[PDB]
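I have a structure here, written as structure tokens, and I will follow up with some questions on it.
This view holds just a subset of the chains, kept in their places.
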Amino acid sequence: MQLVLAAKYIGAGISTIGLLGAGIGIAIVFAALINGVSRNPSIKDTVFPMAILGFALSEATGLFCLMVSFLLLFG
Amino acid sequence: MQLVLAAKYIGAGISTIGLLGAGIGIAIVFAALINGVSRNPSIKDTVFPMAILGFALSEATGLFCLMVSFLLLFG
Amino acid sequence: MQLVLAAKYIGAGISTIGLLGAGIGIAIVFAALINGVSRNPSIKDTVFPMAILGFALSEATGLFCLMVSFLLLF
Amino acid sequence: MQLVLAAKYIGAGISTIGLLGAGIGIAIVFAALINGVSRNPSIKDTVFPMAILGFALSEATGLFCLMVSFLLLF
């Protein structure tokens, strides 16, 4: 069992790597929101909900990584 | 049976790394949606369904990673 | 036989890393489609089958990863 | 128990890798804010709250990594 526990711990750590994707992706979405509103202020009310949807969908990939991490850590 | 279990757990953590791809990719699609709508608001109803398609296709690559991850963790 | 079986399962996990390329590449294609249509709506019918071809070819690289992953798993 | 201890230290180091996404992502947000303001100074007040939200959400991904890190260390 020392070997299995050790594996859960290294695996939990590895499972967080993919969070770099959400980190960068979330930022890409908000960068486009900022550049889109700067170029066309009147479009704000239209593109802001799209940025929220995009954030949420990118963020969810990170959710899936963290879920696995916690399953290894505790489950 | 120790060694095999330990391998399943390390392998499961490694399987989540690919999700970073869907995390960046989902964001790339929504950035384009936002930038395209900002430049040409009239195109919104044409490009929004394209963004949905692109996001789902990108997301599915991530699904494949998480599928292998779950096959390892439980299967 | 445990060590070999263990190696199969580590290998199957590693074999999915490459799917990040399709995740990004599929998105790159659709981004080009959206921006190309927004700039020139009249071109939509010409570039749409191009985006479908480009995404399917990109996705295929990731499927070859998954194939090796399943060869290792099963 | 020395093996499990060793594993926690290795895992804690690995758990910091994902913070590179936050370091890059925060910068992407601030780059857009700077370029957006330079192109249209008058939009500053409108886009600044968006940059705060975007950087906060991007940085959160790095906090989750560090949270796993500190769970393993302590």
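Residue numbering begins at 1 within each chain, and the chains themselves are lettered A, B, C and D in the order written.
Quick note on the criterion: a residue touches a chain if its C-beta (ideal position, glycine included) is under 8 Å from a C-beta of that chain, and two chains touch if they have at least 3 such contacts.
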| item | value |
| --- | --- |
| Given 4 visible subunits, total identical subunits the whole complex contains | 10 |
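Going forward, only the chains that are shown with their structure count from here on.
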| item | value |
| --- | --- |
| Interchain centroid distance [CA atoms averaged], subunit C/subunit D, Å | 26 |
| Between subunit D and subunit B, distance of the C-alpha-averaged centres to the nearest whole Å | 19 |
| Mean-CA-position distance for subunit B and subunit A (Å) | 10 |
| Junction residues of subunit A, two or more chains touched | 3, 6-7, 10-14, 17-29, 31-33, 35, 37, 39, 51, 62, 69 |
| Sites on subunit A touched by subunit D in the complex | 2-3, 5-7, 9-14, 16-35, 37-39, 41, 44, 51, 55, 59, 62, 66, 69, 73 |
